[PDB]
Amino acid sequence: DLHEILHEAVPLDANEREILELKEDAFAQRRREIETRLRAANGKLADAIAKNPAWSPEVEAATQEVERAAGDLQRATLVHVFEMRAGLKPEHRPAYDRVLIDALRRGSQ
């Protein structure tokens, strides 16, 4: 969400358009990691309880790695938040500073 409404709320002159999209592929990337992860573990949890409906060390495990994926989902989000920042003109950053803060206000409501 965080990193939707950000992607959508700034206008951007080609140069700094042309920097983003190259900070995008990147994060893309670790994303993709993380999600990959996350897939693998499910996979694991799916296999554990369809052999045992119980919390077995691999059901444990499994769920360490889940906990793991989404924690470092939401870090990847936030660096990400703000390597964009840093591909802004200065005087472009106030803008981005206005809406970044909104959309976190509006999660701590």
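The term rigid core refers to the most C-alpha atoms you can superpose between the two forms while keeping them within 1.5 Å. Numbering follows the first chain given and starts at 1. Compared with the form deposited in another entry:
- After superposing the rigid core, the C-alpha of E18 moves by 2 Å or more between these two forms.
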Given for the second form:
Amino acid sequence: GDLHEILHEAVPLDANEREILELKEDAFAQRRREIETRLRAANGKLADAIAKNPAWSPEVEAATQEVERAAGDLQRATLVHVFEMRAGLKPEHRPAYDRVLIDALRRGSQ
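Output block for the form deposited in another entry, input the form deposited in one PDB entry:
This part shows the chain on its own.
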């Protein structure tokens, strides 16, 4: 989320390495849209049901299940993509990248 963007900024790189990294982004960008989508949909499902009847209901129950699973999915996809970017780093840059990742996770960033 902002986790994703934070880790991109911990990634030191010249003019060449950046253009290459951006080209490599598209695999994850799409995966992602696919997930920010289901989640944004599950939320609208939630809000729709509440504007209808602001009380718990089978629709609200189902929507919240959907919101949850989707947000987990999104963090998992983010992490997968973050470890792939880690693999493309020179060994000398790995410790700083790990530090940023661990500390962001620890304080609840995604």
